[PDB]
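So you can see what is in the structure, the chains are spelled out below.
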Amino acid sequence: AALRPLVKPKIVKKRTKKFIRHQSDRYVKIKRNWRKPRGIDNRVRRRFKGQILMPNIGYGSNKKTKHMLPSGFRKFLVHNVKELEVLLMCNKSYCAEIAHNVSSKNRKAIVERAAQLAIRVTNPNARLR
Amino acid sequence: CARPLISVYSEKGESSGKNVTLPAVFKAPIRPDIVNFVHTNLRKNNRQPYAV
Amino acid sequence: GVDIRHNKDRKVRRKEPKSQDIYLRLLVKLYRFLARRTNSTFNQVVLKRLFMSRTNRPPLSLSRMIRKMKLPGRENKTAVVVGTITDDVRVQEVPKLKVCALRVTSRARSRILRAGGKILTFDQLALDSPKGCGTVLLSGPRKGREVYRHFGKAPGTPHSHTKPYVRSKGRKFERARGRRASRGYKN
Amino acid sequence: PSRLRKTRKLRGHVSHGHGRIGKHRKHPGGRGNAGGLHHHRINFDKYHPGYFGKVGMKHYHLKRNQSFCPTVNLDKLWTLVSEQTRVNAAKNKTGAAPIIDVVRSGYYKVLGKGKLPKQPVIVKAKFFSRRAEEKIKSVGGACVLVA
Amino acid sequence: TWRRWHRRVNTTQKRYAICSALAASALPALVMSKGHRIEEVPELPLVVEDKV
Amino acid sequence: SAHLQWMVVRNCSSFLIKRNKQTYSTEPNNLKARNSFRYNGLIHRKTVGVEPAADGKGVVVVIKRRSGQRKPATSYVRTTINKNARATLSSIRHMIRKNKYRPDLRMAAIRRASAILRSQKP
Amino acid sequence: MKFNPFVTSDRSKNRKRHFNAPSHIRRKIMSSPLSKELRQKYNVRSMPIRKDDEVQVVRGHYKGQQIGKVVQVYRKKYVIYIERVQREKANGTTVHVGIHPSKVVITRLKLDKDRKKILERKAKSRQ
Amino acid sequence: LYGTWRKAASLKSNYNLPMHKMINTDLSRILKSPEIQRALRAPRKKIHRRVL
RNA sequence: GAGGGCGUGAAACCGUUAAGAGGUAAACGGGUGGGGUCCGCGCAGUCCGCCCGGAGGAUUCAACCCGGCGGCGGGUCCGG
RNA sequence: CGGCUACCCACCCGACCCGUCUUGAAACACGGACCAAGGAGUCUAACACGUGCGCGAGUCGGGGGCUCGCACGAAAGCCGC
Ligand SMILES: [Mg+2]
Ligand SMILES: [Mg+2]
Ligand SMILES: [Mg+2]
Ligand SMILES: [Mg+2]
Ligand SMILES: [Mg+2]
Ligand SMILES: [Mg+2]
Ligand SMILES: [Mg+2]
Ligand SMILES: [Mg+2]
Ligand SMILES: [Mg+2]
Ligand SMILES: [Mg+2]
Ligand SMILES: [Mg+2]
Ligand SMILES: [Mg+2]
Ligand SMILES: [Mg+2]
Ligand SMILES: [Mg+2]
Ligand SMILES: [Mg+2]
Ligand SMILES: [Mg+2]
Ligand SMILES: [Mg+2]
Ligand SMILES: [Mg+2]
Ligand SMILES: [Mg+2]
Numbered sequence: 001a002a003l004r005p006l007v008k009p010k011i012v013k014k015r016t017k018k019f020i021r022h023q024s025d026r027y028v029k030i031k032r033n034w035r036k037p038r039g040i041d042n043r044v045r046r047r048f049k050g051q052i053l054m055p056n057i058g059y060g061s062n063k064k065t066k067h068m069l070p071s072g073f074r075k076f077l078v079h080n081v082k083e084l085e086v087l088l089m090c091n092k093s094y095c096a097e098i099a100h101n102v103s104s105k106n107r108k109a110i111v112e113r114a115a116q117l118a119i120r121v122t123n124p125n126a127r128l129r
Numbered sequence: 001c002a003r004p005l006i007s008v009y010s011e012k013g014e015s016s017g018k019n020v021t022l023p024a025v026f027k028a029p030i031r032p033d034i035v036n037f038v039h040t041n042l043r044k045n046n047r048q049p050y051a052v
Numbered sequence: 001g002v003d004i005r006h007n008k009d010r011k012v013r014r015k016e017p018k019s020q021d022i023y024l025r026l027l028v029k030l031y032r033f034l035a036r037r038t039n040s041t042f043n044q045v046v047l048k049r050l051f052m053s054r055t056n057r058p059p060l061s062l063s064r065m066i067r068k069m070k071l072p073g074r075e076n077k078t079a080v081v082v083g084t085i086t087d088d089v090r091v092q093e094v095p096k097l098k099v100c101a102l103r104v105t106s107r108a109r110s111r112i113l114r115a116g117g118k119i120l121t122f123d124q125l126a127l128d129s130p131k132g133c134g135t136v137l138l139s140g141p142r143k144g145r146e147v148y149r150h151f152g153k154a155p156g157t158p159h160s161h162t163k164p165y166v167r168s169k170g171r172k173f174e175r176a177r178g179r180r181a182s183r184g185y186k187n
Numbered sequence: 001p002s003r004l005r006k007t008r009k010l011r012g013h014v015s016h017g018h019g020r021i022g023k024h025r026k027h028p029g030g031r032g033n034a035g036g037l038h039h040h041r042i043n044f045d046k047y048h049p050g051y052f053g054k055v056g057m058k059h060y061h062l063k064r065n066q067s068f069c070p071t072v073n074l075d076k077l078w079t080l081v082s083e084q085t086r087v088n089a090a091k092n093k094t095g096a097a098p099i100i101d102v103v104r105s106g107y108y109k110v111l112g113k114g115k116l117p118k119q120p121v122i123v124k125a126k127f128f129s130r131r132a133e134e135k136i137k138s139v140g141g142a143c144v145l146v147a
Numbered sequence: 001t002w003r004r005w006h007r008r009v010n011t012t013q014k015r016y017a018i019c020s021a022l023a024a025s026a027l028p029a030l031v032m033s034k035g036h037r038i039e040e041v042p043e044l045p046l047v048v049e050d051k052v
Numbered sequence: 001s002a003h004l005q006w007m008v009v010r011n012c013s014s015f016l017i018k019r020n021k022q023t024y025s026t027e028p029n030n031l032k033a034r035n036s037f038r039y040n041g042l043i044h045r046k047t048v049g050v051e052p053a054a055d056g057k058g059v060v061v062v063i064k065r066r067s068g069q070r071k072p073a074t075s076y077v078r079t080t081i082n083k084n085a086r087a088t089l090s091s092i093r094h095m096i097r098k099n100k101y102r103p104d105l106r107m108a109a110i111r112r113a114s115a116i117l118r119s120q121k122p
Numbered sequence: 001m002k003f004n005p006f007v008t009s010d011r012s013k014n015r016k017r018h019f020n021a022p023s024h025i026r027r028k029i030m031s032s033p034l035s036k037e038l039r040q041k042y043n044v045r046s047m048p049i050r051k052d053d054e055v056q057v058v059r060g061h062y063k064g065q066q067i068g069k070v071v072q073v074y075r076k077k078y079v080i081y082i083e084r085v086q087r088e089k090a091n092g093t094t095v096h097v098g099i100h101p102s103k104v105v106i107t108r109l110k111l112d113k114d115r116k117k118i119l120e121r122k123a124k125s126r127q
Numbered sequence: 001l002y003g004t005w006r007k008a009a010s011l012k013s014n015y016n017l018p019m020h021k022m023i024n025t026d027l028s029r030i031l032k033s034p035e036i037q038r039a040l041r042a043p044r045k046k047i048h049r050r051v052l
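Protein chains in written order, with this note's numbering: chain B, 1 to 129; chain C, 1 to 52; chain Z, 1 to 187; chain P, 1 to 147; chain D, 1 to 52; chain S, 1 to 122; chain V, 1 to 127; chain F, 1 to 52.
Hints should not be assumed to be uniformly reliable.
In silico DMTMM-like cross-links for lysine to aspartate or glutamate, where the CA-CA straight-line distance does not exceed 25 Å [to be verified]:
1. P/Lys113 x P/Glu134
2. S/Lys46 x D/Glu39
3. P/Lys76 x Z/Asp87
Don't read these hints as lab results, they were simulated from the structure.
I would like the entire structure built from these sequences, with the hints used as guidance.
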């Protein structure tokens, strides 16, 4: 009930697991980021059933529903008033997102200018007094 | 490729009557990738080596 | 599976020109528009030669560009060259012919303007001939390159005439075994 | 540029572009031109014929200084002097001919080619060929030897 | 210490890059896209008097 | 030379925020945020832009003079319109339609003026 | 911009010479500005501070209208100590607060014949 | 110091202005000129999508 | 929450508290279910932008013209 | 009320521990107790091929010289009898 953007369909991602790396559970020296195994005996590379799944081209989301927030916009980050006012033309599909290093004194001015220009901000009530 | 006339400005900012024809260097072609190539090589020329 | 054949996805082709020349990209845009909108196979071949590289566009020479117009039927036609037309030290007389090429050298432009011809560029050639009527498209001596004279099935096995690599062409450098019958075998 | 290097792309692959089976260690075939006759004969032969043996006489203390004779052709014979010179010298005046000296240009021997027009000239050189001398006689010029 | 630091450029390409840079300095859109404030500035390349 | 200016400005400029998302010009004389060729206020010989007024009431319109190039102190002529949104929308419609001046980007100027008149009133 | 090639712009060399300068250099380092009426009366920008100079502090925890006489000048610590400026410890013992002499406005100098010669050289060089 | 395309540079020895690849380079003027639009096929703007 | 090897203070490992579980050694992939922390909102009550027919109010231009500067366009290529 | 998720648990099915020598590895083949930091195709010379740019029967100042002393100037500009 804030800004109510345009016609955005049922957004699907075709799987929502952000695939884990093999043997990341067994060793805590291994970060959970994916890394393609190139072993000569590895069951993950051999694609046995019951093992983990490798991320390939088939998991690509639809181009209409690509980079889509669940609210219905696409995010764009903003540092100041000029980068907020560049969103004056496409405010009904592209929302604002204030950077983390922006202080509260300028953050309240940025969110006030976004409320004037009717631009959606993802974090409206954060880092306030 | 015509050569126009650019007025000469005084110390106050008013256009003087002295008009000089624009030279052909400003009508010469513009190759920013060749500028980037020669600029890269002169930057490589413009340095002390570094520690060994 | 469906395709029992091999998978050759892209044939050979170069779609976009690899050069970052802005003027060459604008000429690629213009002749791409003419090639897809004029039904002119001349514009097709000129657009392909603009896609073609720097090396495979050899420099045309002034004597060859005279002699390909000296043939009967090429009186008022314009010699279109995708590539450079250079000076020739051999020539003595230059006719009143028209030139449409990229990057004609300074002495060549000087002698053509003294002889009374008219040099153009590709945008002026497109303004004068969209379909390319009244043009003769020329190309240069590729096989006379120094690189192509090392190329063959072998350097010397049926004597092969294909120029083995060596530092100094002369005595004591690759002239003994396999080059004469008195010292071992002979090719 | 290390960012355009194949090594930056091949990070992650185990054997790094040189195979697991063959195991390229240090120098498997030798060093340099090792085995020119024994076991690399199909690469020294069949790609460099003539590499082994003596060829002829041995000139002790040779210089590339006594055999200095840069050759000029009959095509290059005209542009050693300017075109204004030959035009204003052969613009229908008389039977006079300009002298084209190749020694001042830095060339010693005149060789024979084609493309020698009707207008005769006088060529001074230290050496000639019989074909170039016949071409000069055919176009009507004069041959002058210098030293 | 014997890395190939300094890179020679052809002088024709050096003069080509100088001519291209001086020609691109004349267009207002290029210099405004580089970011110089040319709002209230008078006519392109500015020529001042010999008293300056 | 406008196509040369576009082929130079379309990269390596002090604009064109290519930061993890779509490209924005931000282009201090512009009508749409997309860094495109048909929507560009520095390169073309004829350029249109609308901006908020400095007094806080009304919309200013900056249009290129086209009578003098390479002279940016007089190259942009400005006007200040303060009307009841329909008279000024019809005014910018007549100013773009009834002249030869930029038959393209009609809807760009109209949508930006309408959006800024919505954003200016409360 | 630095033009003489016999002086450093190096941060390490400048900090080395600054934190290892001898005492006659540290006297020039620990220089203090003057009040506006005293610089109008003497035609000089700043003077090195000594034991018997009266001091108004402009910046810090103690600021303004606190004209007092200094007692100690640790040139090892780059710190002058002022008699008026006090701070109590835990056990009720007072101690002087460390004040850097560049944040120090001198209101009264010490009269000496050597300082008259120094002030005359300052005025003659300022011209 | 550089010269026009008619004369050489008088201060430098053997420098001239470079070859200009596209003389009248207004691509919009060329593509909207009547000589080019006289020789065009037809504006084919139909889409002809997939038929179920 | 900077207390004399004292800026920031992670992992391996240990102690306590909270939640959950335990015969097939622990751990994993696909699919759901249950619980908990947290997030957005008010949960039988949440949609906007335009046009037109109705009800009160205050305004001033617009429709046509006079007055005015600035910009677009083309003809005599008029004066240069 | 809704919520996929780097939270926990249960259930059905599948699932031997990674890396490499090997024709063949889960192997009763070898290395690995765990964790943090460092850690391996670089540089020079030469050649060949491909590509990009400049000039083009020519091309190249890398060797020196010229400018007023300049932080960037150990740069850059120029030589041409
Ligand atoms: Mg295997
Ligand atoms: Mg299939
Ligand atoms: Mg395949
Ligand atoms: Mg591989
Ligand atoms: Mg091998
Ligand atoms: Mg140092
Ligand atoms: Mg600590
Ligand atoms: Mg701390
Ligand atoms: Mg600190
Ligand atoms: Mg901890
Ligand atoms: Mg418990
Ligand atoms: Mg082995
Ligand atoms: Mg075995
Ligand atoms: Mg194995
Ligand atoms: Mg064993
Ligand atoms: Mg084992
Ligand atoms: Mg072990
Ligand atoms: Mg590490
Ligand atoms: Mg090459």
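Results for each hint:
1. P/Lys113 x P/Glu134: holds, 11 Å
2. S/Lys46 x D/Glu39: The hint holds at about 17 Å.
3. P/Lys76 x Z/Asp87: holds, 13 Å
In summary, the structure agrees with every hint in the numbered list given earlier.
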